[PDB]
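Quick heads-up: it's one chain on its own, the form deposited in one PDB entry, in structure tokens.
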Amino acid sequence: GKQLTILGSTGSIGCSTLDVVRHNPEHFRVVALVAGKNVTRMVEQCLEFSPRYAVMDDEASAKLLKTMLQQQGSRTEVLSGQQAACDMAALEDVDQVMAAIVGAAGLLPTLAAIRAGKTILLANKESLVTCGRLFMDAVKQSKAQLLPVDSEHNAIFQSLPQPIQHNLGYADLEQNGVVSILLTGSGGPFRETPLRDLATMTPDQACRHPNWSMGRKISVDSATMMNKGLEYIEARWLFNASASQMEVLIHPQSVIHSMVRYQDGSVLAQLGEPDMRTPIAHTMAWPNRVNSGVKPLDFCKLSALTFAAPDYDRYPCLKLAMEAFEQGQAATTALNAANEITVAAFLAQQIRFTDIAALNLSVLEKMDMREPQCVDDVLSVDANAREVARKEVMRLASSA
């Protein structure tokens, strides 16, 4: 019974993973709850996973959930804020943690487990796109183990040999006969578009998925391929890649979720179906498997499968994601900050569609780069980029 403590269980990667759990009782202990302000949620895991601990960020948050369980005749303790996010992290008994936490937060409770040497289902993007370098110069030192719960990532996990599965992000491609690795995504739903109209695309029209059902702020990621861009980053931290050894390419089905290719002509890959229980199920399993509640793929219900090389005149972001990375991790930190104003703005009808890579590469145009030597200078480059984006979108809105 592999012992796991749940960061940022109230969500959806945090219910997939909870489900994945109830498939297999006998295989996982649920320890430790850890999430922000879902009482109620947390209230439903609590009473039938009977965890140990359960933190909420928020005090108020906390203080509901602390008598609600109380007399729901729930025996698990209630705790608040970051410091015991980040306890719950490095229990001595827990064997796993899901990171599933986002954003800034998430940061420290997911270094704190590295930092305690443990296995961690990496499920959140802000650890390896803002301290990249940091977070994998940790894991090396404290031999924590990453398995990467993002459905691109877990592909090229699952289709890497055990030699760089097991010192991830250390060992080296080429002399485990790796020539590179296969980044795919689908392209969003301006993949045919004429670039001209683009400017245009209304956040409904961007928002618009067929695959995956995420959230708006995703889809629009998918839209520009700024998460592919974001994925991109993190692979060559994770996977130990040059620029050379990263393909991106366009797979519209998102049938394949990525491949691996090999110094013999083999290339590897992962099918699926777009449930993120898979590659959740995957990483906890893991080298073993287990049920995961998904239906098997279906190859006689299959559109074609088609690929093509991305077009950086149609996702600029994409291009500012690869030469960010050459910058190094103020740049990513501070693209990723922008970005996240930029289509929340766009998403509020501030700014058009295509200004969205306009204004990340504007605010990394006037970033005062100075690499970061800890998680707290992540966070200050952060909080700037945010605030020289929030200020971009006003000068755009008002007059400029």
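For the two forms, the rigid core is made up of the largest set of C-alpha atoms that agree within 1.5 Å on superposition. Residue numbers count along the first chain shown, from 1. First, how it differs from the form deposited in another entry.
Among the candidates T110, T224, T130, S258, displacement between these two forms reaches 2 angstroms at the C-alpha for one position only, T224 (superposition on the rigid core).
Shown in the overlay between these two forms, fitted on the rigid core, is a CA shift at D311 of 2 Å or greater.
Taking 2 Å as the criterion, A199 counts as shifted between these two forms: its C-alpha moves by at least this amount when the rigid core is aligned.
In the core-superposed comparison between these two forms, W237 has its Cα shifted by less than 2 Å.
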Given for the second form:
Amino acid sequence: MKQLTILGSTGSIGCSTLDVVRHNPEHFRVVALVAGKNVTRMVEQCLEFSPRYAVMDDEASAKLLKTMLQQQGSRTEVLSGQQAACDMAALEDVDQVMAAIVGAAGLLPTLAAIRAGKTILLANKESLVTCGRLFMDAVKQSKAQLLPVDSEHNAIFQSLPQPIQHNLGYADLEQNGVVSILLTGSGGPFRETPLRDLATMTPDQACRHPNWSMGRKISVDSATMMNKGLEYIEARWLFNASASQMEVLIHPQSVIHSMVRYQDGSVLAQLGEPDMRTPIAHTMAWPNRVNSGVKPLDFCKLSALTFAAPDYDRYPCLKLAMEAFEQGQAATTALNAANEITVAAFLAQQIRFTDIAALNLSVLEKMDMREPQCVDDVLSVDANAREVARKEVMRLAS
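Moving from the form deposited in one PDB entry, what structure would you give for the form deposited in another entry?
One chain, no partners, no other molecules: that is all that follows.
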């Protein structure tokens, strides 16, 4: 049996993970849950799965949680704060850590799992994006295996040969017959919205994906295709791909999740319901398989599958991300940080949908700092870009 620390347990991916545990009680045990402020969701999960430990980011949420747990008589112990999360990620009995915190705040707990040599179920793209080569070196240095949970990188992983799967980020694509990695592709809810209407789209419209049901941050990123931008950066580290070994396609139907192009002309792809339980279950059971709760994809009830090149006038954030990778790690760390601040500002009705790409661009220009040489440098660049992004947001606020 394999035992779990879930980072970001109350989130969309966290809840999907627990649903896989739920369907496979004889294969998977949760030792620790880590979350932020959603106390009701966390109390549901603690009462259901009886984890050894539960961590909340702030102490007030931890107290509310503990009060309810000791009333019901739960054996689950409650802690709070970032260091507690890092300790939960490194517990001896833990085999796998689901890294599903949103944003760069997930970085330190994820790195702690990595240093403890844990199998990392990686669903926190912002951490690899913001940390890059330093993240990949921490993985190589330790006994840890990365297993991509994000739907796209998971599909790529499944469609890659074993020498790459077993040496992720360090193996040579070309020697293993890989020509390129095909990153798809939904296009968001406004793929067919007139360009000139984009600025009037509300947070609720942006968070309503036709196919996916995920968190608000990721839904907005899908709308701007910053999600694909972040995944483009991440895929380059995870799979050791150059710019010429990356293609980005829009696939509106979200059936194909991504693909790998080989030298003989073959393209290998993963398909399925747009449901995170599938890629999560893939990583948790790898190299075997388990039921994930997701039913068989019915090919006779599908929409016709299409593809299209991304239009950078529609999706300026994609351009920003792809070019940030070329500009280096400081620009990338700062882009991620800015986008966290501007997406939050959009969701809090402080700026418009199209202001995200505008202010992200502005922050990048105003950033003037050196390439990070360590994790502390990554965090200084992050914190600084957050400060500049907050100032820029105030630039377009009522």
